[PDB]
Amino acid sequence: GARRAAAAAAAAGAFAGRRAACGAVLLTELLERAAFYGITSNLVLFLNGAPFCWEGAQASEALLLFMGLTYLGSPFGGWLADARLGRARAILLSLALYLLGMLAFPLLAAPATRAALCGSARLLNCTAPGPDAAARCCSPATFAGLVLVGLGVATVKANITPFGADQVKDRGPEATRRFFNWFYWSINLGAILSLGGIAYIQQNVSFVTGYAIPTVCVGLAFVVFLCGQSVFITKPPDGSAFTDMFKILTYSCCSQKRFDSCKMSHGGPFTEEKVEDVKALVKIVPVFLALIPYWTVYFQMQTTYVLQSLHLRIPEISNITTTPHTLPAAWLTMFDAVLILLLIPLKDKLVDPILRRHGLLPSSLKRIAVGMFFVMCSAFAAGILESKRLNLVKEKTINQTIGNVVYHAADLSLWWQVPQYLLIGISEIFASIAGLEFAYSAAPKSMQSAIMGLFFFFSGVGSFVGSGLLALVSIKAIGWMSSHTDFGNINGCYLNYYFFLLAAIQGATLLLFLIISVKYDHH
């Protein structure tokens, strides 16, 4: 117990005379998240309403492919960072590409540059009379910008977090944990700023001035990272010999094609360090595989709660002061970010010291398990609430309005959703931070970026699997989501059952995760 007090110095003393570097990293993360959320917030609406009037399916497919690219590039971004480059040079290059690609969107917004580009001058004005129509317009430039921005975001997301973490590695895992809590805090702050401001301006001032701001944010991110480069000196990996380790992994896998790995490696030219790293990689892959369902349910719940909310009473006299023409459809997502913003400081300053006081959770795996339990509880809460709403819709209905679509909602206040999102926030502040800490901590010192990329790739796989599941339950045979052929008319569909299904899926996952967690520590 007394040794815990000895470690108390590291916790408070983590941010020793090096706070500037950590601040720079956090600021860069904030700016990049703000830009990313600004891009993804209303991309569908921008495409649909733009003079290049695509079909809703086309825009949805574009966004889905963009997100998939963001998930896919991450392991490759980590490979690039750890091989043939350093980490910092990788961040700089990725952010340069990020800015270059994202630049395109505001030009497309500006009518003069819009006409100058695409060599099409497509101004069919959607519903305006037109002699037939073409397919997705402005395809070359739009796709090019999308691929550039997606690759940039994937590479930065894979490379920055281990870069920041290894910054304070001089201290202990307690210091790393504190850094990670504040990292997630900054991420959420950027998400809030973007989703609130930029969405308000885009949906209520203009796209031309709306898409301009994210470009500025990414530019400032570039400048701040570049300036901090001089004072970082954060034990830069300078990965040039790291190139060798990546090729050796194949050589270890060559033995498979040619503790089985350990026995053959010792005799051959497989000096023990590489054997240990490959063994670690094998050990960790199962853990991400086991987290896949957690990502599935997480992303599915995140998507579903928004449609649930859209059909509850919108409060606050509909913002009587400064009447909200076209109330933006992003603050609904921002709710969870608000809750995490409130929670994280309390956690970091009170709970973690308390738990570390006596003997409590010293490992991240247990924290992920706790988060999963909280997710399950939240899913049940949401199911119950949606059940009551469904019984409450059979009576009269109120014609509310969000964006420019006349939703149908029940006479139930949106605040009733508070317990769900609260449990979600608790689950996130446990799980997400524990998972990032685990990914950084377990990976061999040579290829941390690669393992972080793999982590994010598996998260993307889970998101895609969840989307597939949502499509599956929509089949007529099941009939849970049959009238969901548009923005949404959940009133006619049984979403409550879906929440319970997620709870079951999450519940089973927790038990499965516990088994693997136990096995991992033993070995």
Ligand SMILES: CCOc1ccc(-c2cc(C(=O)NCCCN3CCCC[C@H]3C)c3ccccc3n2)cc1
The other form holds:
There are 2 protein chains.
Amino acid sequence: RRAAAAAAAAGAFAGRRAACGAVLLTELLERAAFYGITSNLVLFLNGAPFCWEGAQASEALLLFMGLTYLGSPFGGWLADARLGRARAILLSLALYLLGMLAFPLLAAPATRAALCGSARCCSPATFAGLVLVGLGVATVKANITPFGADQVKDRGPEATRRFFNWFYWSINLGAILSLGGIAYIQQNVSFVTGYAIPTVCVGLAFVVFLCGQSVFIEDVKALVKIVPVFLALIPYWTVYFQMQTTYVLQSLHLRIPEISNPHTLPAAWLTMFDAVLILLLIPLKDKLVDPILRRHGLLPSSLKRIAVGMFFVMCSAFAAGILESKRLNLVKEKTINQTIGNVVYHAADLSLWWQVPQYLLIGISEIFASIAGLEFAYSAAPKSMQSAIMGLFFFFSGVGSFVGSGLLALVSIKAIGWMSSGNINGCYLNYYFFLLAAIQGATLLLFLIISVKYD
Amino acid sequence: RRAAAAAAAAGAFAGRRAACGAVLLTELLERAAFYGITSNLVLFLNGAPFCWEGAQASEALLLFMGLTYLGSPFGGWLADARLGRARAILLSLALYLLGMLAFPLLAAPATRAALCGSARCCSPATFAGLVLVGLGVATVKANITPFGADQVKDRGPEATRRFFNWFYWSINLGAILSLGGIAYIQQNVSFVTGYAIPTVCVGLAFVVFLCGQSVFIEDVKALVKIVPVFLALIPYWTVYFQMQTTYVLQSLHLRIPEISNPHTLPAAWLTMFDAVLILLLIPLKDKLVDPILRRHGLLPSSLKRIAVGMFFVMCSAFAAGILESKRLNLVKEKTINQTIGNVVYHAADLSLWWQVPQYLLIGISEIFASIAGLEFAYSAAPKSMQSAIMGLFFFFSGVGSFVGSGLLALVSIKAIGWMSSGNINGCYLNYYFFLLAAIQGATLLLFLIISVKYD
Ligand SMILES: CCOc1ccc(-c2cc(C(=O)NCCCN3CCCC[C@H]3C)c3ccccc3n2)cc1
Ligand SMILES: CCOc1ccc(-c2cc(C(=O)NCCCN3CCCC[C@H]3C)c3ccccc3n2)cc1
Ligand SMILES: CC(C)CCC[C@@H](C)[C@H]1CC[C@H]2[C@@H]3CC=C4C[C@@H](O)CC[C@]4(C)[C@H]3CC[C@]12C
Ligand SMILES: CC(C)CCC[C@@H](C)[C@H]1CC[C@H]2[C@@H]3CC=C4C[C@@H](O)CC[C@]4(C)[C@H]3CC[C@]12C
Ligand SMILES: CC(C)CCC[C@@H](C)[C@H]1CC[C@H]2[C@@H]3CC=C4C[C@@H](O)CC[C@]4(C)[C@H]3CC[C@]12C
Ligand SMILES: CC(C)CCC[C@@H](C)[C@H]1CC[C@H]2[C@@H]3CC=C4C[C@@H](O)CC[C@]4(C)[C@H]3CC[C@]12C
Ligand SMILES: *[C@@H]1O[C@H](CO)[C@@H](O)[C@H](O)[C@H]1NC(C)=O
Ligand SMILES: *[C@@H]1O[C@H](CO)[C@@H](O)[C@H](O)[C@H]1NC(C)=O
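Can you now output the form deposited with the ligand bound? The one shown was the form solved without the ligand.
Now the full complex is given, and it begins with the chain already shown.
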């Protein structure tokens, strides 16, 4: 029947292995270079060559992250009006290499005096490197997501679903290689070697495209029809980025095992726990949910898969507040010392691996909501305005990130006092996970109404 | 359009006010007589005239409740094969009056010696009264639910939806008048007056029918298509009846305010808290969800409204375990004494009205799942086999009640120890609400697959 014709299209890519594989390898090397900057930027700026304060190093990363979301609609509109796609990603990866090159030069003591030898020490050389990398990320993310799906666009809307499974797989594989390997080198071996590795990862990502150019391939009503879907995701992004911040804070105050008898393991390894599960669950989805949910006709659309992923975000926030209520009860009796990075944390005597049911549930959530979110921004976009809708899709991702940071500033005031105090043992973090479960539950009920009124 | 034609049918009952109103008043007086027996049966049998043990009084109520679920398919098949509907409810309410009459006779000291004057003291007079009342409830519930919807069956499947709103409203109104008024009289005034009131409520329910007779009005494939829906509700009934038991246990160990300066308020008032909210939320649904969800085309089917009600059961179980973790933390510091019934309870100094967010969520759940559950058992039944499907619908309601009681026996063993100990301050009741949230969440995901594969 029609289910057999869709399962026949599941045998996809069919000759376009080098066309799609050049896109997967480019984004694998671009995510490997993004977490080369983001993981140890504050440790680098608040260090021995640069004597910046802790607030000035954190506000430099906050303006860097916000520039990767603010520049996405402009980096995608420029790929529609003036340039193409492939000329816009080659232009951006050239600028993403130029700003990236300043970080091995500032790390080296020989080349540091050439840039800024004669409050902030080297602010013209540092902030100029953050602008070119930040505008490089925003233009790539807006443009590499439709362009990779344009190769398998010919084989229906089901082959593009299988592309975003392995596109989101190589994003997480590039994050494991950067947060695991490169972030270990930047803290314990050298910043000179540790920033030269992601700069080579940009240059290889530029070469894979020039080697890969040989194999590559009513609307006003369509704009106002999809803006209420993106506005309904702003409370979803709020819960999403505040789990990434606060599950790491729960991991720091929990008993982390030691690995050897270069010491003092990085704090970027605690952000890997989400992405390790995604490497295990995408081959599980691609081989047991592309078959199984298709020949039973179950859950075919992209907007209903976002609502499934919203269900496992809420179940993760409950499982986090249950563990945090147990941990705050257990930290009153005894408290052990552990050092993560270069600061000691007062951890309870409860194992780190009790945080695994939190990461299964946001793991399963990104299996559904994150891959189908890329499918909706691609399919529900006009042909002239693709990658400018991807630009707005990651702009409202950043709007939810800053209103989530303002939510943490709201529960930190003296009137509420949930986050009044690097120690959270006097904070009520479990009450904040229960608030995120209530915001996510109201977001789920709101999104189901928007999803039906969209169709 | 078609939404205006459905809103025109929302102006329903249209001349059949006395036909439906005789059915609403009969079930109001039948629920008032059911909780006249159930609320203080154990206190009556374990009392001054009858010297039964606490186990023998509880097993008499457990065989009584199980007989109201076991006899429902047989009391409804008898209303299809041999008798009609109205001749089956008049026959059952005659037997529901005959067994009910033994309870004022055993309560009175003059007429007690005539029945059983010369282990268990008066077991032939007591168990014979429980059989006729128990078979009377099972035959009425199987038959009064299709028969009331047969009056407004002519005006489409939307007028029957408005019947089960006010049919389920008068069930809860009959429960407030019995658990509030009659259960107060049975414990503090007299059992003679206190059981004579629900016996008059049966006799008035028999007279309203004889006064109301003047105004009243492929299938083998249809059986096996709806059995997997009833089997998928067995984990829903498991969580449903175990919340009714364990929210009362949480209310007993929580600070209940006093009302006067007849003392010692009944324990049946703590079961009223669910039904008081239902009296406030059914006029809210009938006047703001029959309009609003209809002209927006939102959530039209009965099986998707059961899945909405399954979502608020799970959110109630989380809100219950969060309050119970706070209460067990607070009971370690200080503990007050309060007497409910005739036994003292060691309550924490936390107010009873913090249990209100638990009862809003199961309140909203019965607004969706309980009314739409009656609609599915009526609409998805063959015309020859109606009220035998209602009989199976309340039989699987009872299967979930006894497998829920076996779940409490499973978490009470020494290997798990969540319910190893009338005191729950040494028990982990919060871990049992979190288990019920996990069973309900897996039931929701199971029911959505069954609901799609049904359609
Ligand atoms: C309902 C909305 O659905 C979503 C749709 C799209 C995306 C999404 C996300 C990213 C990303 O930035 N992924 C981060 C990696 C893993 N990451 C590593 C550190 C710790 C936390 C962990 C999540 C991303 C990147 C590059 C190009 C596209 C991208 N599209 C997410 C959700
Ligand atoms: C997804 C399944 O959906 C449901 C469908 C039907 C029913 C249901 C239920 C009853 C009942 O027995 N209601 C009890 C009253 C209130 N009750 C009073 C004490 C404390 C607890 C509180 C719930 C009932 C009675 C008489 C005729 C029909 C009836 N149909 C329930 C759920
Ligand atoms: C009782 C008070 C709180 C009103 C409750 C309204 C909430 C609880 C209910 C009522 C209307 C419901 C929505 C109506 C719209 C739809 C479309 C339906 O096809 C899928 C479910 C979905 C998304 C429902 C989600 C839950 C919902 C929002
Ligand atoms: C989708 C939403 C509605 C899910 C419900 C979660 C929220 C609203 C529920 C879950 C647990 C509930 C809490 C249960 C226990 C307590 C502790 C008590 O000291 C104050 C009330 C309070 C704080 C309740 C507030 C409301 C509450 C937090
Ligand atoms: C619908 C479902 C997902 C609701 C979630 C309930 C389950 C998955 C959550 C609720 C409470 C959570 C628990 C919170 C506390 C503990 C105690 C600790 O010693 C081991 C982890 C453990 C056991 C967590 C396991 C997962 C957990 C039981
Ligand atoms: C990743 C592992 C746990 C597999 C997860 C399967 C669960 C989480 C998902 C996968 C398939 C999904 C179901 C597929 C069938 C449907 C019909 C769809 O129209 C409504 C939702 C519903 C009812 C889905 C509920 C959630 C569901 C059961
Ligand atoms: C943990 O660190 C604190 C801070 O110096 C110290 O007072 C305490 O003795 C340490 N405890 C252990 C067990 O090392
Ligand atoms: C509560 O009851 C117990 C049981 O007799 C008793 O020991 C205790 O003193 C009582 N406390 C108060 C405050 O009455």
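Residue numbers count along the first chain shown, from 1. Here the rigid core means the biggest group of C-alpha atoms that line up within 1.5 Å when the two forms are laid on top of each other.
Student: Fit the core first: which of 20, 508, 515, 9 then shifts its CA by 2 Å or more between these two forms?
Tutor: That would be 9.
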